[PDB]
Amino acid sequence: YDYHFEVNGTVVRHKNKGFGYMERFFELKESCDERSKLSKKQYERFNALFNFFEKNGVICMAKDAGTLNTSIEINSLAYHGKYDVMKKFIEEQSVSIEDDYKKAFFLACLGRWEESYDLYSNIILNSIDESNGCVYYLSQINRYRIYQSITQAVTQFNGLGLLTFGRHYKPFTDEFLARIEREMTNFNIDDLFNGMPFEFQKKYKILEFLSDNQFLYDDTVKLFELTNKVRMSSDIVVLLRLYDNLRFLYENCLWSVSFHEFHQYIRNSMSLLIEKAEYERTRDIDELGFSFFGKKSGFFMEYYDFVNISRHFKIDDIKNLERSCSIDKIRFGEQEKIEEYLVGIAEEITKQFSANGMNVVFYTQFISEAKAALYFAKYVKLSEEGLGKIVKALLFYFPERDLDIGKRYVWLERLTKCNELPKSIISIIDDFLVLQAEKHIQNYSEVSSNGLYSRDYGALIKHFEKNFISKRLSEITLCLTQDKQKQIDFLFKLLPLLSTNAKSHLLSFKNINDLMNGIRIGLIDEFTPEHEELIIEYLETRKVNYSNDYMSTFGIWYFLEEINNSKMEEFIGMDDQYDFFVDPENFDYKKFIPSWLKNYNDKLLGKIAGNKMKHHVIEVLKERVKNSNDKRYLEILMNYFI
Amino acid sequence: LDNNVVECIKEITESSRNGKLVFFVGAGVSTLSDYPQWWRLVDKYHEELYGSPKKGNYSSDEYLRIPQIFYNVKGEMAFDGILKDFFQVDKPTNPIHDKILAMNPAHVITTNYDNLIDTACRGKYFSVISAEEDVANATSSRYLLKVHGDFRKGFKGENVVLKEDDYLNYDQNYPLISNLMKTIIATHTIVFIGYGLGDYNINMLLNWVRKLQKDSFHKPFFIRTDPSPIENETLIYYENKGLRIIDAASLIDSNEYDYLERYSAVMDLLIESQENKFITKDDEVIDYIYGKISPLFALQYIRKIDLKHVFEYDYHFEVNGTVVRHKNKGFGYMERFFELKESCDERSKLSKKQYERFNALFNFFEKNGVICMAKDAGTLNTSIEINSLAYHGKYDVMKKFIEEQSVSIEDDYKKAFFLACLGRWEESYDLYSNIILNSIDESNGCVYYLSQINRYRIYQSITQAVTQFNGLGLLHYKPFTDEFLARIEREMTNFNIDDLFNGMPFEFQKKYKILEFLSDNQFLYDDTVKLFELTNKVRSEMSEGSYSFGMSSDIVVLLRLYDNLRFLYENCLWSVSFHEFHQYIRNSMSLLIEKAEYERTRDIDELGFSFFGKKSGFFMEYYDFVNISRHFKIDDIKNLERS
Amino acid sequence: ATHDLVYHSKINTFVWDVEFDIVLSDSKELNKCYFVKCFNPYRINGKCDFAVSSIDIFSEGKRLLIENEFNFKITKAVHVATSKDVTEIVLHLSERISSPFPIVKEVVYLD
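Protein chains in written order, with our numbering: chain A, 1055 to 1696; chain B, 60 to 702; chain C, 5 to 115.
No wet-lab data here; the hints were simulated from the structure. Mixed in with the good hints there might be a few duds.
Keeping only pairs whose Cα atoms sit at most 30 Å apart, straight-line, the calculated DSS-like set for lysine-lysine is [claimed, not checked]:
#1 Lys589/B x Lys1283/A
#2 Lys1349/A x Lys596/B
#3 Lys79/B x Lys1257/A
#4 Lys109/C x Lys1657/A
#5 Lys1621/A x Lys1597/A
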């Protein structure tokens, strides 16, 4: 406690009551005439200390401050996820014990926990001499952590989640589990530091907290400051402390980076930082000026922040970040390095799927990062080649058991929002849907969770490319027969993409139920007079009959100016919805209630917004908002009716 | 099993958990690894000296007389050559070595001259002492005391006690090692292994322990592994001489030529019983619960969460008052205790002292609000009540309470807290010093620790106030005696707060385990992480517009809040002074107010479920109001008014 | 126990832990089945465009093809987790709302 070392790279005297050795040292390093008064051994010791302080980013006192660069960089290969480099470095022969330690950490990071444990045991056995316990000690810690992880995996893997092939293959054998339990039957880590030689305890006092089960309590507690609503900056100090912690944990090859506590700390820090930035921006724009502040948030985030977000965030946390602190108004950083990261992770997932030699633990530890990365890749401008590679990896080589058709449709649609659709990805999507048609050949059925299917893809293509024609589907459907029905069903589900000849050919392959089924998916897009006559007959049958909601769709259809018939005025008398959708001028609005208002889509609400019953709906929305502060009612009022 | 054996096992386990176990490893353990015994060398010397062997004339003294004759006749080089020839082999370690190391002994004293017990430590660091100069360069605080001169320095015969003359001049040759052995034996708890009941070393040690006073030693344990079950008279005589004997025989039984199985059975029994707590009927359950609870009686109130630390993660404790089995494999004392609490009839099956201790435990659990388990939990109602005068804010009350003389040290501690919250920090420091000085007497020491922490806290408070509040708007009062500002400096200079708890009696570190968290910000992290997570969840429900018709999550937050405040105020602690606590309280209350405001308005509640019932509702009382007025700033109040 | 019940705002629906033994029209009796609703207001639909939320019905966890949507024959509701005939409340609540389907297992927010 002699000196306070502020995170920005400065020092200050705090409780030094003796000679100011820090000031003398920094004066000696500042000038050249200060040197040459010291012996050769002192000269080389000062040179080594200067090099160490340069590598550690310590500059000078706060009096001689001004424009501190504070540029961070981490040169640990495992951080950047260059897995091929770790794979090639593992097989290479190791020279010294430090290379063995780094190899053990790399093996642990790759899911080969067996070899990591054996290597740690061998390292502990070999090196016990000298005051280099700084390796030995750390080795023990890593080993213990690995063991903990191993047992946790077991009690999480063989206990639940039988969806994996077999009984999860039992990734670790039972004999090794018994040996693990035998070697660590009563190992206590809290007394590891005390038993080591007293000179080690004197020198390496700073490494004590590693043996504790919790060591991020101080930063997590200090995170409270960002919630201060009152009017260096605390964002700078918090972010720099986070970078310091990440650099220390990753550069020294410590396994404690793979625990839940660190992930929770990372998520809390990032979420609080983004919340503070957005709150400050919104308060400034509300108070200072509508566009004087520029309406752009000052929190720039870069490659390091993106990789941290990808690594340590789950899906729902990113969902919270986007719905509360929307990032579309946040500007990115260097897009090129982000593109390199994305192409690397896509290459990794492609290799993992293709080689078929998957490892369950690495599977679980990596696809979380993968899904986070692809989900967050929406906000980055990406070149055509990177887009093609990412789509190729995601559409085909992403395993079914984690990503289904519906969520893959989410990812792809979310990816191009700002990336557009050059010819390449339309070609690759056409290839994917052609392959899907091939696999439809039967006891086969697509599974989705969000109720979406492959047809959406074609619609999206038709949304972006109206004139595109898929020839391969035409070739498939020319040879198509009627023995197998599911394939032609998929063919009508992809009707617009086909050519006129294919459409005419399939038209030969197909009461009010038939018309309703065709119109639900939209095969008979037009309204032929025969269909209108069937409509009249069904309405007359209902009227002479006089409750599922099937006829209100017909009033909606007439409201869409798609039914050119004058007999809809004579079939009213039961439902207020039909009268409103056919004769709104004479309609009684006492029976009108806004429950159906939350069911129409953009086109219907836009059409009804400009139609002139507008005062009736405006007063209905007024009263509904007054009695209850429903988000949907106020939102629809603002976006459509104002 | 025999009751005395159970008692010995319990004492050995208790000593092992406290790091006060020392193993006296004999020569039979090294024999199990097929190490060449001494009698082989004796016979070889007999052969090389005379020319023929004879087993019949091999008494106890011959084992030392024959090598001495060989050394005195043939010389020294022949002795070293024979020793090198017969002791250069290397042998694998024993499972018994791993079993003894797995008990975590503080020191290991061995009379062997082998390397097996060393090469067995696997990843354990021991400072090996086998000579005279090695006791001065002890690099660590854990001793592997090879009493009889290991062969590390070489295979010469002058480095090990084998012949008779060396045994005669042992005290004159090895004073330091003998003194160290006797000190270790007097301090820690000794467990012998691999020794014959008639061996020379045991007899010498008994002769030495005879000279000691009748009391003032811990009777060493002797684990005997011999084919013949021991006799009653020999056992009683050796117990009278000062040993407690546990015999491997009469427990497992085997043939005459097998030795590994008996050692294995004894060590497996010890290791298995280490984690197990010997609980059979209700009396043991209540005794153990009282033993692990009673030190907490000094504090007025403790929060429910850190209870999970007292029981060593044996039972997850929820804020609402329910408990859930987490890492318990034994009798399940919580289940039986709850059954005893529910059923009045079974309370008559306990002895009077156990009945009184159970009554005290039940009262303590009722004050803490622990209700029952999760399955038996129905409609649980929790009241909020704090008995701190300073919390309510009737300053005349503790003014006229500090006016007069107190009656006990705890009363003085209350006076110190009241003075600290009354602004007279000088008198607060003076009376805290008076307390820590008037406390030379204590059966617990908790008051001493708490007073030291509070004194350091108020010291930092006055230092920060003096240093910062000088140009903040003061312009000068900063009123304190000039000598006082240097007295606090020189006095509270070397006093480090991180190592405070590490320097307290070994039982205090075992009983008041939770209080360590008071020395730092630790006592907030475990709760603030949950607060952040629940904040995120509640805001997600806020954004999606979902309405919950069951029980809301916010109650959990609320409970934690109140508990924290009570634990900080009923114990009269100055830690409520910092701004971290204020920020935490402010965040929790902002969350609660926002959630209540959102739950105030609904759409379908009236039409529909309203007939079934109505649980929704939120209310500010006295407590909420005082907390708002104390732990909030004006701008945040304006912000929440706007929101 | 109505803890499961979660009521939404943008769709005005219920989410329970129950299961339905629906009977289809024309005396077509069905086994246990359940509903799943997915809300998507940004769908770029075609000429047939009225609904924002897609409702799907699955029997035994398998997608059941829908041709005649005439399942106005009530059901016997069983609270899948605790297995209780919540059916009476099921009607109590379905007769009190205008939504065609009052209870779904969960609502998927694609928006």
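Which hints from the list above does the structure break, by number from lowest to highest? none
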